[PDB]
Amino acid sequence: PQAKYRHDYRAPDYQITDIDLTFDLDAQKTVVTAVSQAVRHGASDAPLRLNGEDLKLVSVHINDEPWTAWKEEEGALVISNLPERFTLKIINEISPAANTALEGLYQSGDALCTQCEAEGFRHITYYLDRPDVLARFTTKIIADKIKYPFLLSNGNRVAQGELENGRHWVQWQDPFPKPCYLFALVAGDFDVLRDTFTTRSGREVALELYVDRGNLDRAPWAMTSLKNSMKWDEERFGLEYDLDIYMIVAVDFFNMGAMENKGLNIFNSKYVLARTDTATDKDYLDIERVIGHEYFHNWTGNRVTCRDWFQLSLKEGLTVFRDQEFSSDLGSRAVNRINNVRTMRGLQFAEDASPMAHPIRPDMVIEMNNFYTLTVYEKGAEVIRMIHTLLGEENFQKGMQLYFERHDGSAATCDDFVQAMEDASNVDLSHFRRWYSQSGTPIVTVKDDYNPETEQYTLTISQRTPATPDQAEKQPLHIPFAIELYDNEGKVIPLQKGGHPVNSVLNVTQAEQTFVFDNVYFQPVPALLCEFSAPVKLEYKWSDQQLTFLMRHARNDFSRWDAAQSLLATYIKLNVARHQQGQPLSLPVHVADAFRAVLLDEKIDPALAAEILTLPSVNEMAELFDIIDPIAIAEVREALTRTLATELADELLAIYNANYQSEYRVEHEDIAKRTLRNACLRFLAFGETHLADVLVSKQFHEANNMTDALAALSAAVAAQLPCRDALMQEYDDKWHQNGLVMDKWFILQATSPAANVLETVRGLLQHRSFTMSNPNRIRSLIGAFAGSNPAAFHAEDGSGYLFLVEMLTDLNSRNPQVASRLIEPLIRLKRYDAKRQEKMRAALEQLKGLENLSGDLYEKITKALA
């Protein structure tokens, strides 16, 4: 498999302006007829090079003339000696039932559906499968009426008819030119939830949610979220929907989360289906964010698309930023920001420290499906957020407006977007652009000095990004570094110098820089990198008392949580080192007291309290360490939970009881109290056994919603309580028929602290609710084990690696994209001790030698073994 390079971009020799597709649909043999209107832009002697994968070519015509000047080569059909303008007609066959990779046209249960991003359309017909080729699509679908009563594609129905032998057809037209990655087709039998949204300017939009028969009871929340998204994009960004119908189809077999196909989104059912007894608060909020995300792509992705796949973050960074803003505006901004920072620090930083490290705009790609990443998405959003920080909302929106004005109806680049922001705002972003081209996490080091003679406070700030495997050269970035200074009373000290106010967002642009503030009347306690103003590691020599002061006094809820994280970090590091020396947990009294104060503070938002009382995950803890000891980390996490459970037992029970809610509402105040109640339950599960066992089993049995039932079940597993096996069995017996609900149980099994966890996981490969054919099941059992139980995955006998090798040997052939998701924990080998590295290296070498090794895995394995 050959690497492709951003610097090699060249405008296409041919454009296609219009494509008329006909599908004669059948699960075993689908016949595709594609009539494209082409225009040569390149040299008159250039051939037309069409991409295609696993196609049975039937015929090639040019202006209805059977063509003789063509040849098929690996991944391509090369057509020679063409006119400047012509009609290309390709007929080919494909087999949806054989498509286990779930890219192109495939089968999901009894339905047929597509996934075309990034390069799936070439698995359907021979085409210019590159996103800078935009064409107007018409799509005719012919199928068995009984099997496929609904035949959907992008846009509007323009024709329909019936045929002999029980077949029928529907033709769709989408007036907006699009790259083929936004093509979609769905055929099947569905229940349909129908609603309307009327745009601000009065366009009535038909909303249609297609779900498997029997699932209508689980559709209203997704529909509500769609309308919420539509309204918010109008209010916040001034953007309205641009078509007459909006369709969403929920499918059970889907590699990603969801897909923004123009006017016909296709969603993993996980991000659509919810009812109070099947879905948790987190599920509801995830459905809201993913529904919003795909909706927001209508402008940031569809109306303006990507020139090439190296520009993926142009749509993903910006659309993730949009989904975060949507969630934050509608819900708790603090909780959203906290959660997104947990993801950055605990998951994205790990990626940026790995062999797969890449800039948010990659320079080199072998398999583009490998670049739908935490970096491109979440760090992408952090980069957009930094622009927002530097410009402010008003200028940021002017930049959005200029971006659309310039680029609506076209395929654009990351650089185009930055230019629009720069031009609209008059803020210089030339240095800022380096964020697009440099990988790795910057480390920002802060030293301070207070001079009582001059009443001046000085911050000496330095930055460096360690080299990464992809980049030997690193340079200083333009880092927006937000600060606040607090006096002894917790009042904010005005920032000023030389008689003029100074903006609280400092421009840290050099390797080392000095910032001086005057009229600092009292030695300040600083809050640094406020609201995580840049995606960086902060090094500052905090005292415990500075941190607890901030937990008490910081103006932004995020700063209070972040201070708690810095406080915990010190003692997590302390206790991991202790664990390695065979010593038990040590925690100063004043640290437990800080958390007691959070529990007993009447004024604190329950949403914030819940997050402060949620310990960093084992993945967040791992990133505190150069060399990861996953067993020490897991055992310290448990020990810390137990210590706090004991020290805070009375306060935890008081707050647990006080936050009881007899009514279940998916409303933000209710969610906050429930999140706090369940955060308390976590610790209580680790209290005196009988007490804990009664409390947990009672909650599981009395729960009137899945959030509370799952919190109890999770606690029983985490604390290995007596009731665990009974509750797990009850859940299986009640829910085995429901894959999405069973995913929660597979995750619990996979992440169990039980000594026999791997044995149980292996056994579950035969479970009635498990199947290797379904990405969700695979990720919930195998993915969760390898990625979310690093203590068990990294068992010293190497049994975890061997298990993953077995699974990947299957998935490499079945579904390379899911295989590539699942190999990620193995490619982190250099973060581990030498004994583990050698076993992980051995595992990787076994995979490297697989017959028919997918490009997806080849790319990761080669980087990991380098």
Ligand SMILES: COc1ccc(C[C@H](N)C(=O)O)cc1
The other form holds:
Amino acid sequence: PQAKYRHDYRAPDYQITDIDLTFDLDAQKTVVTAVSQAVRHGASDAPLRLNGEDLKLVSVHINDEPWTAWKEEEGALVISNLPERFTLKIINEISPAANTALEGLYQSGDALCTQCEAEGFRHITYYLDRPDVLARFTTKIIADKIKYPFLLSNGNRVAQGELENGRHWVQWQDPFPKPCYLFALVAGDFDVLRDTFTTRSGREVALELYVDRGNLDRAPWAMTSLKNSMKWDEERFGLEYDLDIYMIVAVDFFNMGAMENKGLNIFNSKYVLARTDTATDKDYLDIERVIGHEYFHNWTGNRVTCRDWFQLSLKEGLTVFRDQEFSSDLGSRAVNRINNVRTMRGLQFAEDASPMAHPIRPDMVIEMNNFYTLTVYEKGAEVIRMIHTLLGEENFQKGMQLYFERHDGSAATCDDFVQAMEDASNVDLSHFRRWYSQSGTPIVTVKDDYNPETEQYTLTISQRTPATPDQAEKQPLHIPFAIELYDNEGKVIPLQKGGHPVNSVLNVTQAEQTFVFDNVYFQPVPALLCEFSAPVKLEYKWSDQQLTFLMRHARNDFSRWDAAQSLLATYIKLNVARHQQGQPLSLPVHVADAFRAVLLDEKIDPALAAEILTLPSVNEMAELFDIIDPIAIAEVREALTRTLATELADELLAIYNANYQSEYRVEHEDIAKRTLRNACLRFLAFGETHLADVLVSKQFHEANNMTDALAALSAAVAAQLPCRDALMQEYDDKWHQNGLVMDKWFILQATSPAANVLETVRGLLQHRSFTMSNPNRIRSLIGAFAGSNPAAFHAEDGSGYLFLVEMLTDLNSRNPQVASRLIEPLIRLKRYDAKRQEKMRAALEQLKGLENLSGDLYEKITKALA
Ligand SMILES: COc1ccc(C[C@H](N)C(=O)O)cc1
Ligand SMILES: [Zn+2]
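Form deposited without O-methyl-L-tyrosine (0A1) done, so how does the form solved in complex with O-methyl-L-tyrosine (0A1) look?
After this comes the whole thing, all chains and molecules, with the earlier chain placed first.
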């Protein structure tokens, strides 16, 4: 498979302006008729090159003339000797039932549905399957009425009819030109939740949520969240919905989360269905965020689209920024910020050190579906947030407005977006643009000096980015570096210099620079990189007491949590070294006392307290280390939990009890209290065994919501408590028919600390609730093993690697997109010791040798083995 390069972009030789589709739908054989209106822009001698995959061509006509000047080639239909303007008619056949890759038109249970992003429309018909070709669609769907009573496409219904033999049809039209990746079709039998939203200006929009029969009891939160998204986008961004109907369809078989198809979003049912007995607080907030995200794409992705796929972050960084701002405004901003920074530092930084490292605007891609990444998404959003930090809200919104003014109805680039922000704000972003083209994580080193004679405080700040596997050359970035300086009473020292205030966002633009601040009347405790102001590693030689000071005094909740993380990081490192030497956990008394203080502080928001009391995950821990020792990290995480459980036992139990709530509500204050209570229960579970067993089994049985029941269950598994097997079996017996609920259980199984975990996981491939045909089940059993139990996955015997190879041998043929997500933990081999690295290399070499290796895996394996 040959790579494609960003620098190779050229405008298309032909455009399509209008496409009329007809589908004669049947799961074994669907016939597609596509009538396109095309215009040649290039040279008269250049052929029309259409993309297509696994299509059976029936006929090709040009202005109703059966055409002879064409040829099929790999991936393509090449049509020669065309007029400047013409009607193209293609008829072709496709097989939805055969589509196990879930790309194009496929089956989800008994429903037929589509996934077209990035390049799935070419699995439906021969087309210009590139996002700078925007066309007006009309879609006619013909099908069996009993099997497919609902026939859905983008837009509004324009025509409807009934035919003989029990067939009927519906035709849709969407007035807004779109790239084909935003085409959708759904056919099936559903329950339908119907509601309305009226826009600020008075447009009434019909809201329709399509769910499998018998799932309406699980649909109201998603509808609520849709309406909240619509309202928020009006309030915050000034953006209203632009069509008459908003349809969402929840499907059980879907490789990703959800898809922003215009007016007809298609969602993984995981990100729609919730009721208090089936879904946790986190599930509710994820549904909220994903419903928001897809809605927000209506402007940032649909009304303004991407010129080419290398501009994916244009829509995805910006839409993730918007989903984060939505969740943060409606809920806890500090909890959101903290979790997004957890993701950045613990997952995204690992990608940016890996063989798959790329800038947020990639330069080279083999399989575009491989570039829907933590980088493009989460680091993309940090890049947008940095523009917000440099511009401020008012100017950022001026930029958004200029962006839409300029680019509405078109496909644009990252550069276009940055230009709009520059022009609207008058802030120069020329240097800042390097964030789009340079990969890797910057390391920012800070030294300080306080001169009591002059009352000056000097920060010496340096930056460098290590070379990455993709780029041997690195240059300094424009790093917005926010600070705050605290005196001895915990008061903020005004920043100034030469008689003038100094903005607290320092512009760190050089490899090394100094910043001097005057009238600094007391040696400061600095808070550095406030609200994680740039996506960088910070190196500052913190004392423990500076960190516990910030935990008590810092004005922003984020900085209190970040200080806590720095305090723990020293001790995590210490204790992984100790584990390697066979020595027990060591923790200073003063460190435990800091966490005691957080537990007993009546002033602190319980939402913040819960996050300070949630230890970094094994993935966050691994980023502290050049070479990862995954057994040490897992065992130190457990031992640190057990140490704090012993040292804080009375305080944990008192806070656990104080935060008991007898009413369950999905409301942010209630969620906060519950997250704190359950953070205490986690430590209590690793305390004295009989008390732990009693507390956990009682919570499990007495819980009136899944949040609390799962928190107990998860604690029983993590602490290997006596009640574990009984509780695990009770859950299975109650919920085995409900795959989304069983996914939680599969995750618990795959992440168990138990010595025979892999044997249990392999046995669960035969479980009644497991199937290799369903991406969510795969993710929850196999993905969770490989990605979230790096201790068992990295068992010294190599057994974890071999297991994954067998699963990937299946999945390469069945569903390469899922396979490619699942290979990720093997491509991180260079972070492990030599013996592990040799085993992981041999696993990659076995996969490189598969017959019919997918492009998706080929790209990752070749980079990993370089
Ligand atoms: C291969 O199938 C998909 C690829 C991408 C997505 C993400 C969606 N655009 C979003 O950003 O939510 C969805 C599906
Ligand atoms: Zn998106």
